[PDB]
Amino acid sequence: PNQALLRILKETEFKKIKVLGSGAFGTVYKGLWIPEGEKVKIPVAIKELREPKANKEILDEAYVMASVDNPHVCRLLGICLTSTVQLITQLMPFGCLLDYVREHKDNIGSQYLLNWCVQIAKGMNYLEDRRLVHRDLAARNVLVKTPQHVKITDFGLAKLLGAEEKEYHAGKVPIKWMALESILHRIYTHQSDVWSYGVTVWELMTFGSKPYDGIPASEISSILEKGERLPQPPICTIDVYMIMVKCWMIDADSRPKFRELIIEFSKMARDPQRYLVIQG
Amino acid sequence: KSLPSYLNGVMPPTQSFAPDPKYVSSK
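Each protein sequence line maps, in turn, to chains A and B.
Numbers 699 to 749, 753 to 871, 874 to 983, taken from the UniProt record's numbering, label the letters of the first sequence in order.
To get the UniProt record's numbering, take the position in the second sequence, counting from 1, and add 335.
It is worth saying that the hints were derived from the structure and are not from the lab.
C-beta: ideal position from N, C-alpha, C; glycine also.
Any given hint could be a false lead.
Simulated coverage check for chain A against chain B, where a stretch passes if three residues somewhere in it have a Cβ under 8 Å from a Cβ of chain B [claimed, not checked]: (1) 915 to 924; (2) 936 to 943; (3) 953 to 959.
Extracted from the complex, chain A is given alone in its bound form:
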């Protein structure tokens, strides 16, 4: 609480200009924050999601979502609280890594690709290392610092676990990006994220291809039980692949832990051209 950590904004220190984008859980914009008085002007992107004390989270989410000192997680700059919640963060230009690998399929090299992976992983690690639960990790939910540096974002879907919590109990989060207990059992775990991360990787690997595309968001379970998983990424040696399909295991505490994904990736990284096969 108090007068420190998590700056709240008087609804006048920022103007909504053009609409950067509208998601399922809200229509984010891109305005300018004028720290009341402080002749200093700032350009950012407003996050006016739309949905009770379900704000305890939002608040507790941001509460740590700002307590960031990692180069891979869009520190929550500030917050807006009216009759409708809004968030601010140091705006990025390029955008969501999906748009990126979509404008550069025939331009990204193994290098970065294997990298992001590790970076993304580093980040998912620090949140895990701070009793957090992302819930919805995806190419879209990740911003581009530089092709050599990427960060993760939030629309406050996370939630901070309280000392005795191991799993979170429940917008909507696209079905296709979540584990099986998340669908079938409205359950959110440090491990479910891993599974989300496997999809992410898939995307990037397939250069942001639509996971499952063609097969309704209904059967994903129907087949997820039948032991069906995303196809293999053409540019992916049957060695990269395995760490992915591995996070999609049915047993949840049998999957690759975050610290780990970094290890096997901070390794592959050491020889990109060896695990991926891209012409250019």
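Please arrange chain B on chain A, whose structure you already have, making use of the hints.
This is chain B only, laid out in the frame that chain A set:
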């Protein structure tokens, strides 16, 4: 050394992993 031999880059909607029980559920 180890890539998918798809028939015209055609990457299928799904890759099956059954009967493995690490991916196939008790149901």
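Now the hints, each set against the structure:
With a cut-off of 8 Å between beta carbons, the region 915 to 924 of chain A has 4 residues touching chain B; three or more are needed, and the interface restraint holds. With 7 residues having a Cβ less than 8 Å from any Cβ of chain B, the region 936 to 943 of chain A passes the three-residue criterion, so the hint holds. Against chain B, the region 953 to 959 of chain A contributes 3 residues with a C-beta closer than 8 Å to a partner C-beta. That satisfies the three-residue criterion, and the hint holds.
Going down the numbered hints, you'll see the structure goes against none, and every one checks out.
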